[PDB]
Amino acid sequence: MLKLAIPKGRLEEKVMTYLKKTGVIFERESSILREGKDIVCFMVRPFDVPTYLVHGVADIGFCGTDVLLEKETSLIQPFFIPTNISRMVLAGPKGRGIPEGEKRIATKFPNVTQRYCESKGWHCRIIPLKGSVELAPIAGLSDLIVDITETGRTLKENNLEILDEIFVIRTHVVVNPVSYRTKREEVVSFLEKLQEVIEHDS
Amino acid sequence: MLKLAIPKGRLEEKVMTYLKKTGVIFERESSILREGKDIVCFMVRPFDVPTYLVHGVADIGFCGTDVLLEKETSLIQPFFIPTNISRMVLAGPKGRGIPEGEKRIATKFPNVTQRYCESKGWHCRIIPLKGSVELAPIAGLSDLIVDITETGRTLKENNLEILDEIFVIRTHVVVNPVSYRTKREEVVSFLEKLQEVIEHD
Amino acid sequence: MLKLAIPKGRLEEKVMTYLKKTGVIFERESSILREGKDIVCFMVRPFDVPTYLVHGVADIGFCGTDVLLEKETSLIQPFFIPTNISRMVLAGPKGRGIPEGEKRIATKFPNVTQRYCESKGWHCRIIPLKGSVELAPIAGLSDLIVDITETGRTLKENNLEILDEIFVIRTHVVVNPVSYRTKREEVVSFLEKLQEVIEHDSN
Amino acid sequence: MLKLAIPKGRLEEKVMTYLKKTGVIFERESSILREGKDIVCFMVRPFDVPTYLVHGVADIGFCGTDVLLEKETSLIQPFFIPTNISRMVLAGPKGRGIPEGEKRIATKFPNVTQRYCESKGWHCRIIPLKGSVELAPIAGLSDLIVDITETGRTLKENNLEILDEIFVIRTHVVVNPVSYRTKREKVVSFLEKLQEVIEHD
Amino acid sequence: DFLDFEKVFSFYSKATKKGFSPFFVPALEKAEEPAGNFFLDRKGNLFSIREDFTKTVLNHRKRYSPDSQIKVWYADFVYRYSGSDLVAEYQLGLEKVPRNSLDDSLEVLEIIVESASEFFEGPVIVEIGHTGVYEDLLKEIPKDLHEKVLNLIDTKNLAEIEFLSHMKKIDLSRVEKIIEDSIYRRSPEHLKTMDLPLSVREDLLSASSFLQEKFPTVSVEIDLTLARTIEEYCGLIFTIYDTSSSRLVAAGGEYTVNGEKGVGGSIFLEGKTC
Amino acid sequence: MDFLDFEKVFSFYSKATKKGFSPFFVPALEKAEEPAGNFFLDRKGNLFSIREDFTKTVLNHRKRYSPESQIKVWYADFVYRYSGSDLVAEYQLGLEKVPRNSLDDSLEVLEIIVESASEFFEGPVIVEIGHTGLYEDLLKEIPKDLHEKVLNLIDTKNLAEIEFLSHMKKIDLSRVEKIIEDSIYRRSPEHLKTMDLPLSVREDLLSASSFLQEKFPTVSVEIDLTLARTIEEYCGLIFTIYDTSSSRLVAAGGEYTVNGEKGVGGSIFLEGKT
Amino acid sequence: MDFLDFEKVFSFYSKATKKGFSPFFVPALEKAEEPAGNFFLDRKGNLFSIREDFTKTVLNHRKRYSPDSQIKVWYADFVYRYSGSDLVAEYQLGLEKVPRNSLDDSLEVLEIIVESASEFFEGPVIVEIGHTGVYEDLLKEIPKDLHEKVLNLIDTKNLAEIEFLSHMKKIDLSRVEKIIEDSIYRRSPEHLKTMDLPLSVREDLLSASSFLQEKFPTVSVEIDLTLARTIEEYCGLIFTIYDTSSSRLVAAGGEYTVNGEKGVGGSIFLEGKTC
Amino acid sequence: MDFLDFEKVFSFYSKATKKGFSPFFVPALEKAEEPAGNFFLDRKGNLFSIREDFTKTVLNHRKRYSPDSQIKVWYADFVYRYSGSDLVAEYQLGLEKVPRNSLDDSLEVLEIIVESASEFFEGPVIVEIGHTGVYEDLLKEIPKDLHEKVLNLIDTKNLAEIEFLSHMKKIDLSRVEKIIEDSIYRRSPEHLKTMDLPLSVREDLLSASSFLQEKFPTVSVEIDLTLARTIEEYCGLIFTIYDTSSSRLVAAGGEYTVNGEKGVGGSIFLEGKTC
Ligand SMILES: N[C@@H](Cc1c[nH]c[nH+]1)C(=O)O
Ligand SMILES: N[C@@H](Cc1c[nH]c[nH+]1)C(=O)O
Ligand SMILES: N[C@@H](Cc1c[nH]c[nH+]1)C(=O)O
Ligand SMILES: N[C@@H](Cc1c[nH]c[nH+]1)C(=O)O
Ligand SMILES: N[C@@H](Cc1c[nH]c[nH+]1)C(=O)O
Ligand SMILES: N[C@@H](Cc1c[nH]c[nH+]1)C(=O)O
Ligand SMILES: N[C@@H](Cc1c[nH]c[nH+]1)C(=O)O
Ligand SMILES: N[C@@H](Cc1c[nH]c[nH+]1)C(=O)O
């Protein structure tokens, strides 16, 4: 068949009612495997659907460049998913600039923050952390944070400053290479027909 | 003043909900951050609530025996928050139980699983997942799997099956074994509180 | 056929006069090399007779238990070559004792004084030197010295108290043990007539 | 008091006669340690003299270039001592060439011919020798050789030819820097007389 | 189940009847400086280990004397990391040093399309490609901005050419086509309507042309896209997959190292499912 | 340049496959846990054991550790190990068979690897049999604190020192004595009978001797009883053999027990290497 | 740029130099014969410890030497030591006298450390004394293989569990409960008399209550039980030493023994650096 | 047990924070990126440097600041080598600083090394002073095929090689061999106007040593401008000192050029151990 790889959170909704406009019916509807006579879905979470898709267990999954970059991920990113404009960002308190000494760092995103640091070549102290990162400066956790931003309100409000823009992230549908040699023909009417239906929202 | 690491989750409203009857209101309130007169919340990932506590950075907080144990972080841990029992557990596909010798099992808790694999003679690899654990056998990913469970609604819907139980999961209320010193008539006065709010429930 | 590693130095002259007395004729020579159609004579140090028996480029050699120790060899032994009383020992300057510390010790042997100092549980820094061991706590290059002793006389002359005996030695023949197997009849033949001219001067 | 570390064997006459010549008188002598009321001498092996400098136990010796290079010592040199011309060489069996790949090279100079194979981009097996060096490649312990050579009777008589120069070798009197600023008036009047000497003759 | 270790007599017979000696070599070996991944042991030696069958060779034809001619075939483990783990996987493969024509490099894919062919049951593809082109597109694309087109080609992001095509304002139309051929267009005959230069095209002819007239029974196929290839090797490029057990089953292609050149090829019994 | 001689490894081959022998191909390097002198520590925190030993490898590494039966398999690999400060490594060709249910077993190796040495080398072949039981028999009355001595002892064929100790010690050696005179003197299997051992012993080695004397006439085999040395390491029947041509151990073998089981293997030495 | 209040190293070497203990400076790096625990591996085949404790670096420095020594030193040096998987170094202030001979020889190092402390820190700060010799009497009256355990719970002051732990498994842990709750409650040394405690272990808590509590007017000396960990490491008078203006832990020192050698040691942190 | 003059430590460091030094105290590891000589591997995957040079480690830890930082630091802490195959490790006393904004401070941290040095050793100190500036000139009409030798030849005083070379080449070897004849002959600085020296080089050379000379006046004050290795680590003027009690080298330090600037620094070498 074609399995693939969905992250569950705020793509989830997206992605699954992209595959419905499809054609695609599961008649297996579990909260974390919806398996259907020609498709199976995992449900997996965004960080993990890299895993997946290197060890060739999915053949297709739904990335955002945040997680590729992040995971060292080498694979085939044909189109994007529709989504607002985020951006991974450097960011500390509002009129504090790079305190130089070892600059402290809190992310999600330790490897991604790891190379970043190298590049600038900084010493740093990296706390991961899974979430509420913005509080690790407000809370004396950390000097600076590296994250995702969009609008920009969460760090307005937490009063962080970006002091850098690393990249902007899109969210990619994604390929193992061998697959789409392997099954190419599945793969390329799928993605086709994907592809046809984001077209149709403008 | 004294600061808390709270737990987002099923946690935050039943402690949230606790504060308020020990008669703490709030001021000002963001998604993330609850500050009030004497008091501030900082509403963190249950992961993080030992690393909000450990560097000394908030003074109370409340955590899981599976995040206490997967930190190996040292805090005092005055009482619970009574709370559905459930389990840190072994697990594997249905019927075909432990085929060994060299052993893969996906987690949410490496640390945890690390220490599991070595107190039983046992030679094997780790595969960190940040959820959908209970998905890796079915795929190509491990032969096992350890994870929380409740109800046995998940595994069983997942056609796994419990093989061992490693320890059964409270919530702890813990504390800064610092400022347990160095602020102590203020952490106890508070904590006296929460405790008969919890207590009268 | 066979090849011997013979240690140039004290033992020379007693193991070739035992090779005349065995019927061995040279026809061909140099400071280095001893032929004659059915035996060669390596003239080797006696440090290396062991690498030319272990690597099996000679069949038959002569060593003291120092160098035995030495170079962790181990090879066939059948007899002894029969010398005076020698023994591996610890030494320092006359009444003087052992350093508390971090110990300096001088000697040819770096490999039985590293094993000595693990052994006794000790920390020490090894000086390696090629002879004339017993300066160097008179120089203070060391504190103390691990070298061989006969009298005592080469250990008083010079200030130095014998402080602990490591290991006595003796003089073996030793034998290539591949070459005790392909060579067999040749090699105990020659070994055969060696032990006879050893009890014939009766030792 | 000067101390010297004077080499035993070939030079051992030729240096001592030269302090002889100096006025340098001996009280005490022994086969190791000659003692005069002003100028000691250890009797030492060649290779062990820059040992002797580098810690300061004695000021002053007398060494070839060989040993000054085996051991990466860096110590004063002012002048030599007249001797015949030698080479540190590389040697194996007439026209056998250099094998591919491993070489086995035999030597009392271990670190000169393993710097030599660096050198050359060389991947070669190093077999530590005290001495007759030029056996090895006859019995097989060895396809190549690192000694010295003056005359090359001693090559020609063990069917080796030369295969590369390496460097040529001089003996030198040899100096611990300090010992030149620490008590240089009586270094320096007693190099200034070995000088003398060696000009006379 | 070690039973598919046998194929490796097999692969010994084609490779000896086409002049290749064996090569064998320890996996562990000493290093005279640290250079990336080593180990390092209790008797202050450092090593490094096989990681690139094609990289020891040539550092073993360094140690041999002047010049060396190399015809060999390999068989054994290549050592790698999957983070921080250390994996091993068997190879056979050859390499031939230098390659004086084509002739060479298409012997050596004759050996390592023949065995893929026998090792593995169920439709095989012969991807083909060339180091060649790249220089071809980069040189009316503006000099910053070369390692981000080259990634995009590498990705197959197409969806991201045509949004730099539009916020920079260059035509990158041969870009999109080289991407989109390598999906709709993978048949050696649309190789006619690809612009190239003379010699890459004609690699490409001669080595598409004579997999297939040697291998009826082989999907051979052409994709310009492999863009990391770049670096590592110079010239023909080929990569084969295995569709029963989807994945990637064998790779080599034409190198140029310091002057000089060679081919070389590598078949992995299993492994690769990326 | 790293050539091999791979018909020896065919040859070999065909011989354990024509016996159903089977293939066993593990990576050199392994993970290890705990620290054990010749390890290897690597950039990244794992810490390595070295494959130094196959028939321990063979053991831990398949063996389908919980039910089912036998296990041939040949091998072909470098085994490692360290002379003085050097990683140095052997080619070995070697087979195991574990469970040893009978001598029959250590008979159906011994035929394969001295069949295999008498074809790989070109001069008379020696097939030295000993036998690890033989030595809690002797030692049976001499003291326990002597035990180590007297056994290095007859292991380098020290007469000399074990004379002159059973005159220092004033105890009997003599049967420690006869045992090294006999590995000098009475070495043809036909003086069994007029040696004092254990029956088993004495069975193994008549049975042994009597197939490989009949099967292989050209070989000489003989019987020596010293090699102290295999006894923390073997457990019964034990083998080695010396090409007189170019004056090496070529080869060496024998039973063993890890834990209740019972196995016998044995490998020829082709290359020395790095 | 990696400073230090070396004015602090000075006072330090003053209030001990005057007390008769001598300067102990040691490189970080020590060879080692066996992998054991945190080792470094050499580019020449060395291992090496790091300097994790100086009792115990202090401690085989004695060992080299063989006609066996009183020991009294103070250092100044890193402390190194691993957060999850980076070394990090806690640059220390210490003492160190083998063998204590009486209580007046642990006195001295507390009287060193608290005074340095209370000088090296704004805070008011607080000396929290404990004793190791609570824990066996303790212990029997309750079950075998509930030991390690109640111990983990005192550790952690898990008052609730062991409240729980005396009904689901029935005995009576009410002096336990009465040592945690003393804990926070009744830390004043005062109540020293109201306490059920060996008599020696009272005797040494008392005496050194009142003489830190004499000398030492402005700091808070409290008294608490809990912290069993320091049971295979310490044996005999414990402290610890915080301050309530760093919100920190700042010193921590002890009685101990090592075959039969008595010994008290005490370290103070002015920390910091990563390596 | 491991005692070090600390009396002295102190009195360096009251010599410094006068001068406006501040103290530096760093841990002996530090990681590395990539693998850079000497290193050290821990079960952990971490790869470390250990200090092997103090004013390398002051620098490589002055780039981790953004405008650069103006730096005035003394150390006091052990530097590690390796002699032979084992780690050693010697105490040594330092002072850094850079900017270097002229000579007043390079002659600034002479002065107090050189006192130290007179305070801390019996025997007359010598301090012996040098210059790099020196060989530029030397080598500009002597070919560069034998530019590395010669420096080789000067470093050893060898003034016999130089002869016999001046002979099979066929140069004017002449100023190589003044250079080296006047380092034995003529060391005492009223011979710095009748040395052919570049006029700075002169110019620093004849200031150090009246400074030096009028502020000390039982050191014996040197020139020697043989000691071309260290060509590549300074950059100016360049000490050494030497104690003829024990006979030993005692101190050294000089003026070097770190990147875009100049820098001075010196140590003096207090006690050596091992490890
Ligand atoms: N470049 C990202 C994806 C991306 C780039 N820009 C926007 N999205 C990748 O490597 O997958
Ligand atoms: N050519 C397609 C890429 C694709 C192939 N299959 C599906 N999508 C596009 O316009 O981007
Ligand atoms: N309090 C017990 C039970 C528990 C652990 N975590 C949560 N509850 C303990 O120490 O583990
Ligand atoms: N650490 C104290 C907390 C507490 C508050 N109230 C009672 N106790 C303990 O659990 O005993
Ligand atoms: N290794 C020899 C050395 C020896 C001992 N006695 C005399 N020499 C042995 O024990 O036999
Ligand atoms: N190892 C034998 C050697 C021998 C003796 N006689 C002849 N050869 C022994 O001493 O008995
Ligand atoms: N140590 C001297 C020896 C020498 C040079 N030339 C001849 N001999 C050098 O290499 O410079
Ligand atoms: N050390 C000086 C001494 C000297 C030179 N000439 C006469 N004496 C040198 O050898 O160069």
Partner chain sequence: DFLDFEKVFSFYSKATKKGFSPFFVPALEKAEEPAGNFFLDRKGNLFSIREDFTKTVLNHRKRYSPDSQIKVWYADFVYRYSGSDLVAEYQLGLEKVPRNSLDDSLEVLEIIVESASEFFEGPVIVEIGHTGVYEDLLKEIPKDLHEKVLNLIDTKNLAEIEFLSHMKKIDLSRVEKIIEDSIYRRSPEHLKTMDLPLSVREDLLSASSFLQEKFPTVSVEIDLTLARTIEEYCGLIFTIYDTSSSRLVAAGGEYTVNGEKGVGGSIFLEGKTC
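Numbering follows the first chain given and starts at 1. Think of the rigid core as the biggest set of C-alphas that the two forms share within 1.5 Å after superposition. Compared with the form deposited without the partner chain:
Among the candidates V40, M43, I166, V57, displacement between these two forms reaches 2 angstroms at the C-alpha for one position only, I166 (superposition on the rigid core). If you fit the rigid core between these two forms, you'll see the Cα of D143 move by 2 angstroms or more.
Superposed on the core, the two forms barely differ at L75: its CA moves less than 2 Å between these two forms. Positional change of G152 between these two forms reaches 2 Å or more at the C-alpha, relative to the superposed core.
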Second form
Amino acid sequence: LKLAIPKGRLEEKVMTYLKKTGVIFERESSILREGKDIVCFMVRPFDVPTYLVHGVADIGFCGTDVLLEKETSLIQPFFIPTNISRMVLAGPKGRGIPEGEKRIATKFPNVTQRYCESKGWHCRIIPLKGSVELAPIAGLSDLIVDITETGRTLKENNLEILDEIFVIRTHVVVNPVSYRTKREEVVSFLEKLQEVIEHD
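Structure of the form deposited without the partner chain, given the form solved in complex with the partner chain:
There are no partners or other molecules in what follows, just the one chain.
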């Protein structure tokens, strides 16, 4: 089986679960870990689905944010329970929500467009790659749609949460092709993983 593991924050958590399912690696690097019957590609979280989409990985792990931003159609067996963070709408304290068309800066433009549609809002979406809290300070946007964990970044920049869009957790996702061709092998790894997750 080939797995796409999100490098960064959750690497070690997921790697320990794999180990608890009983996996052994023969060689490891910053981007690849192989052993008997298991290969882990250590990729950026947003690339997890692209490694599955393209059929190079059978199973992957990645957050709710990745999946909602990039419409996948991946098999979603279950997820890891820990509430790691939240996708929120935020804006300058007391400014409330601007009348008319809202200028919103975000690293998640699809998520924001669907959010704006759901509220019935006219929005002008300004995609950024990082440090999204600077947009309101600089006059680039009125609001932001971004991830918050402790709320420090928002609080420290005089931004307040105006709406909670969704909680972010690490989902287990399966390539639909591998689910059909390697059915029994996938279900077997997945059962062991779900046991470790429950127990943990």
